[PDB]
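Below, in structure tokens: the form deposited in one PDB entry, a single chain.
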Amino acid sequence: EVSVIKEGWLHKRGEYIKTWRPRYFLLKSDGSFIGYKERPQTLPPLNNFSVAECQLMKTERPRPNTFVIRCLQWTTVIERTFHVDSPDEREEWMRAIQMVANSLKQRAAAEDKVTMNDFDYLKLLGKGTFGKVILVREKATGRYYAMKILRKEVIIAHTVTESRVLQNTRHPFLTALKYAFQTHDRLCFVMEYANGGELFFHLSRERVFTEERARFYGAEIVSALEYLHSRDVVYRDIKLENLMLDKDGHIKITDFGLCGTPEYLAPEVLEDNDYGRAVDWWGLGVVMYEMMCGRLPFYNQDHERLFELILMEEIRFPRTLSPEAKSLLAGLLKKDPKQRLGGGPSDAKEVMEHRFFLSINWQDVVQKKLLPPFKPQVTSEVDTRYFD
């Protein structure tokens, strides 16, 4: 019986637009902590909103009586920042959230060699607030991986956190975890790294993909998004720079984020609304628009003007785009998430059934039986041709 444990107004700092907005939050016994524009028994809340295993901290900047929920979601640290009027209300909120996180931990328990000197460290792939990602070579074998390194003091404040190597994604087009280990100071996630080049690189040179090429990539992404949504997980990071090709030409969605790019923000995410699975279909629409038209659907140097277009401007197309493509993209880029293709109760099913994908056998997709339309110029998984 899923019950509200605490509800009320909070000042929530925007996740991208760093601004404070009052929102009405419900902390529920299933661990979800979700905020609404007004005070609204429901379908599966997304794990993105869960307080399970989170760490709570008090701070007085930029305002007194601020608190932060910090969670390790898979391999990524997520932070949500809140503000209340008085230190008593902050305490009551933090104690209730911690209570729910304690209950969930108890329920989960009731229901259910490798070191840093084993790698060469070759190139920094990215760096964020909480950790970094480095291209490494495993010394014992010569294979290449991306190592995400995070400081322990961030979400431990921990051998149990090595159990991600079990809840590991099996999906062919997601990034799998090879090793997870800890040092005295840090946690290290060694994940696969595709050596077929960044899709941003391939699209930049080819200028524009044929519709058949974009359909192949889009279908692999749809299959990956179905898998994540079936686990109650939203990716929220779909963009060209998070898509790579493996040695055979299949998609790999990267898991390299660290605590954005405004041109990909869905309308409901700009207004700090309750967003859901529909934000991933918006993102698919933007990257498939990029692949088939060679440019972004909404762009402006002035971010105030960009937001207007994303919120307000109707999407326009080149007339050489097939009608099936114009229809897919207009459906994926509907402003209202409830009217968006894939935003309904069947989720990915609505997208998979669109006429643009009529030729796709979705079991061939997930079984990697579709012949890639482009084969990267690498002959093995250790060919470093694309590493610069």
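Residue numbers count along the first chain shown, from 1. Note that the rigid core is defined as the largest set of C-alphas that superpose within 1.5 Å between two forms. First, how it differs from the form deposited in another entry.
Superposed on the rigid core, the two forms differ between these two forms by 2 Å or more at the C-alpha of one listed residue only; from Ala348, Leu333, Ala325, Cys54 that residue is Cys54.
Core-superposed comparison between these two forms: CA of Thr75 displaced by less than 2 Å. With the core held fixed, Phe25 shows a CA shift of 2 Å or greater between these two forms.
After superposing the rigid core, the C-alpha of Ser86 moves by 2 Å or more between these two forms.
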The other form holds:
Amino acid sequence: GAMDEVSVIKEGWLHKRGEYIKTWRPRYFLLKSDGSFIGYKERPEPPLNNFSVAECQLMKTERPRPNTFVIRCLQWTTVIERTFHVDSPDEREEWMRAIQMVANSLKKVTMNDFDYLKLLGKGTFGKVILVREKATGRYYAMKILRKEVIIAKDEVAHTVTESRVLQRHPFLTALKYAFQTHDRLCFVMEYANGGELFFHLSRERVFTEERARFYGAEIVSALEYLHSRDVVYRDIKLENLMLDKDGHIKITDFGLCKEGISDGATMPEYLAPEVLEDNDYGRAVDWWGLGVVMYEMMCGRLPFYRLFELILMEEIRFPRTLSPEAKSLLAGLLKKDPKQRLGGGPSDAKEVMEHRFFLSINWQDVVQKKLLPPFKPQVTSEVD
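Please give the corresponding structure for the form deposited in another entry, as opposed to the form deposited in one PDB entry shown earlier.
The next block holds one chain only.
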């Protein structure tokens, strides 16, 4: 009940694998009556982990570590795994039963309607395939998860209704539909047909500030919307940015991979300093991400063209040809301390929107998709 005090169901030490730096560390966990699963560095006598076990899927495994268990949940259209280890099979069973008990207490379109044309991405949890709806001839990206990912029928129905309720957010790939077969969960989403921004930057080598400002503005707008609904994108990078047919930005939702890395040696991804430090991270990682993308757009290369050390300790250098305002924007977005970073304060995207670099931007025209694009992608077929 909501009026009742939140109470501890089960508590104790667990070994947990890091989210981004995939290394084992001992943590003290409290499973709460409201579904919070809260992790501290030491036993309380400021939590480092806090997520919900509501709607989760629990699995036993013996490899790599014996007495390992995985809490898997679906976050929007993306599988999130959290991996834990205890010292015996009996201890694991007690944890799994506790977690499951708490999760229990809180409780036509087919695949033959599509032509399957081309692979768009793959990863450990499934694949994204370019599809054509047969009856309409309209193209979509179908993100198909592997059979191992079991999700409840009420949870998929919730995501479909919640996608429909939110229909102004023009620069995100909209979820069109989601459905289950006998075995698999499929998400039908919009496909941007203007190509990869990674490709366009490679083709052109570098963008002008004007063009970079245009794409930056659209990203800033998209991030303002997500952050206003308490959503961190986490993966702002060139590979996750596409253009639609008109040349406007689409941020993608094609994640199928496990997050993170074994250690700092095996990274090239520019994770936020606070992520690398293994600290409290939040919405400020997206402003870092924007910093790195805009640096790439305007300079034609990543900041450190040893990367763990360089991100933590070394200052990002600017070409002399960058304007003072561009230099200032990038310096602000690439501050190592997320409290000092442009966008890291209470006003969030407003700080970025008010920066000298963006003074020519009409932000009403941005969100209404009314700023005219400086580049129109060449008109391709959908398969090409």
